[PDB]
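K.L.:
Listed below are the residues making up each chain.
2 protein chains.
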Amino acid sequence: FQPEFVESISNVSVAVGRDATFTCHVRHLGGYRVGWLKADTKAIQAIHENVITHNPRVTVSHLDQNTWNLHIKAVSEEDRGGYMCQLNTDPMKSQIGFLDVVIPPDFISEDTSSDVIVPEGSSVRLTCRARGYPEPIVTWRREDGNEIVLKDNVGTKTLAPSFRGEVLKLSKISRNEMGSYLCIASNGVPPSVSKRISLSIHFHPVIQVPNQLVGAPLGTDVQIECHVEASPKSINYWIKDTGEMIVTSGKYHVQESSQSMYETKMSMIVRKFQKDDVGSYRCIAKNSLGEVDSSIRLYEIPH
Amino acid sequence: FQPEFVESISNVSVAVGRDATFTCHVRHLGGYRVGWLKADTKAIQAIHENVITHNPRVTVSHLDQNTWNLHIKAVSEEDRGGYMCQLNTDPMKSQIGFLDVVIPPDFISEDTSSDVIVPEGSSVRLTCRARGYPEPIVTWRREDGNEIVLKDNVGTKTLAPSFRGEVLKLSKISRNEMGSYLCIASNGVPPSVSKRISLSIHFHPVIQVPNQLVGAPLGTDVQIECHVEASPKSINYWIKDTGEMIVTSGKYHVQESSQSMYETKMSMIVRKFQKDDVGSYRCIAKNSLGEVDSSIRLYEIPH
Ligand SMILES: *[C@@H]1O[C@H](CO[C@@H]2O[C@@H](C)[C@@H](O)[C@@H](O)[C@@H]2O)[C@@H](O[C@@H]2O[C@H](CO)[C@@H](O)[C@H](O)[C@H]2NC(C)=O)[C@H](O)[C@H]1NC(C)=O
Ligand SMILES: *[C@@H]1O[C@H](CO[C@@H]2O[C@@H](C)[C@@H](O)[C@@H](O)[C@@H]2O)[C@@H](O[C@@H]2O[C@H](CO)[C@@H](O)[C@H](O)[C@H]2NC(C)=O)[C@H](O)[C@H]1NC(C)=O
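Top line first, the protein sequences correspond to chains A and A'. A prime marks a further copy of an entry chain. Everything in the first sequence is counted per PDB author numbering, starting at 40 for the first residue and increasing by one. Everything in the second sequence is counted per PDB author numbering, starting at 40 for the first residue and increasing by one.
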């Protein structure tokens, strides 16, 4: 008889850092040798039990004269390609097997965006690119969970919880669209990678005052309110007409309240209105771009 | 240091049955191994001093750790292709060398013509084909040394001592062009091969007689002649008027003479003319296609 094999050896996908093995199922091996060589480089890997290549990750093993294995420990991208076991018959016979090496995603830092500070109303592009095999997919999300504004043309705009694409086009920006966005790159190979990108929209603080005139009967508690719209968030406080700051005490009670990143509802209560409390009170909002005040007049409702 | 080589190994043309050798000139070999494998089949030939392929014509040798040889004994067509010596470095380095195997010419007996018998006036094709590497050339010659009639169109014909081409076109044949032709196939690789091809033109024998009447004074010698044109060559003889054959004796003298394959000049002399010799004498020419005679009358010139 002549040495022949059965069943073949089959292709293998594995991904980096992991081990891999190719196996040939021979019969009637006799006095012939089974050798391996990398198909594309034509580099002899092994013959029988001897290892020829000085690639350390490469080993051989066998339990009988029937099944012969080639092992790659923690495969790399250079290891991918063909692996041929051959019997040294004349002419020689050979099985061929292909090692497919997938790689997890990794960002192209030169292409991924940084934190941006865009002016309200303009258009912005957010970019995330990652290399990997297979081709990674980039999906964008808002970190707080809200939807992303998706516009096209100039008269059609929808909303979506996520967007797929390496470049996220946000045109005609509004105050609402500020905040952290997330791009994640997934190729189906763990681990996927993400990056947090902070879209900033900045403006002067703006104060709206419902009721700039409040009437109090002596001895009651009256609340005056200011509504601030500022970005970045403003540091706020109330101030006496003379020029003295109000902080919460037994007489006063100051509070703030944020409906969003750029909205704040500041309120002050003055307990037990007296002839001493009559006058105007200013609410002041300051951020890095500027500061603005507004004045509320408190008057007495007589007898 | 790392093992490196110098000068490379160079391509080799050799031709069948002859030996061949490839050699790699390495330096700083150290503890690495030099192996050979056939490039196209990717079949491992050898590693270091061990021979892997069971092709018996393949051997290895070395005199030092500096020059390593691979030897093919009596190469065949299957041996042609690449021969790669490689060091088992990581990654491996390799020299490549190509074995060019030329083969001497050999006739394609199915295509080469046999002896032909063509009718006078028609056209004939003579064919010789031989396989070999490089492409063999076919040259035609006449075996007797004469030139070949080379015609084209129907109103232009020249002569040449030889003709190059696998097919020799002889159009509008004439009696002269009969005889052996030689085709020889030469590829520049010994030995060239030849074949003898016999172009036959056949016809009834035809006899021309200058002087069908000859006058003899008694006692003289008179010669009568017949000119025969026959193919294949005719068997000729003279015959008495009664019906008795003449052969050379003391009284008569018969001869023949061939100016070519198809021409014969037969002559008879009758010594000492006597009143007994007066009468007619017939010359007879017979070949396979037929026989023909002609009659010469011998008369006496008186007193
Ligand atoms: C292993 O897969 C190959 C497919 O070709 C490979 O595809 C990738 C894995 C990559 O490694 C490429 O470089 C390769 O080209 C299968 O090849 C087919 O095999 C059949 C049967 O032998 C043959 O008829 C087809 O023509 C082959 N197709 C190609 C494109 O070459 C091969 O069969 C697989 N091996 C096993 C054991 O299943
Ligand atoms: C040996 O010859 C090759 C020429 O290519 C071969 O040609 C025949 C001999 C046949 O074997 C074919 O199958 C081959 O393709 C030379 O190859 C050239 O090498 C130079 C320098 O390395 C390179 O720049 C050219 O591109 C090559 N040309 C081709 C067509 O591949 C080779 O260099 C010769 N070897 C030596 C040592 O001289």
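Among the clues, some could well be false.
[Claimed, not checked] In silico SDA-like links for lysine to any residue, alpha-carbon gap of 20 Å or less: (1) A':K234 to A':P143; (2) A':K81 to A:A113; (3) A':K132 to A:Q134; (4) A:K81 to A:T98; (5) A':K132 to A:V90; (6) A':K272 to A':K311; (7) A:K81 to A':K272; (8) A:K81 to A':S219.
[As the list claims (entries may be wrong)] To be clear about the criterion: a stretch of chain A counts as covered by chain A' if any three or more of its residues have a C-beta under 8 Å from a C-beta of chain A', and this derived list gives those stretches: (9) 66-75; (10) 78-85; (11) 88-94; (12) 140-148.
Hints listed in this document are in silico derivations from the structure and should not be mistaken for laboratory results. Ideal placement from N, C-alpha and C gives every residue a C-beta, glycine not left out.
K.L.:
Hints first: check each against the structure and report whether it holds.
P.N.:
Taking the hints in turn, this is what the structure says about them:
{"no.": "1", "hint": "A':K234 to A':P143", "result": "holds (15 Å)"}
{"no.": "2", "hint": "A':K81 to A:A113", "result": "violated (26 Å)"}
{"no.": "3", "hint": "A':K132 to A:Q134", "result": "violated (24 Å)"}
{"no.": "4", "hint": "A:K81 to A:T98", "result": "holds (17 Å)"}
{"no.": "5", "hint": "A':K132 to A:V90", "result": "holds (17 Å)"}
{"no.": "6", "hint": "A':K272 to A':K311", "result": "violated (32 Å)"}
{"no.": "7", "hint": "A:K81 to A':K272", "result": "violated (71 Å)"}
{"no.": "8", "hint": "A:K81 to A':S219", "result": "violated (57 Å)"}
{"no.": "9", "hint": "66-75", "result": "holds (count 3)"}
{"no.": "10", "hint": "78-85", "result": "holds (count 5)"}
{"no.": "11", "hint": "88-94", "result": "holds (count 4)"}
{"no.": "12", "hint": "140-148", "result": "violated (count 0)"}
The structure shown violates the earlier hints numbered 2, 3, 6, 7, 8, 12.
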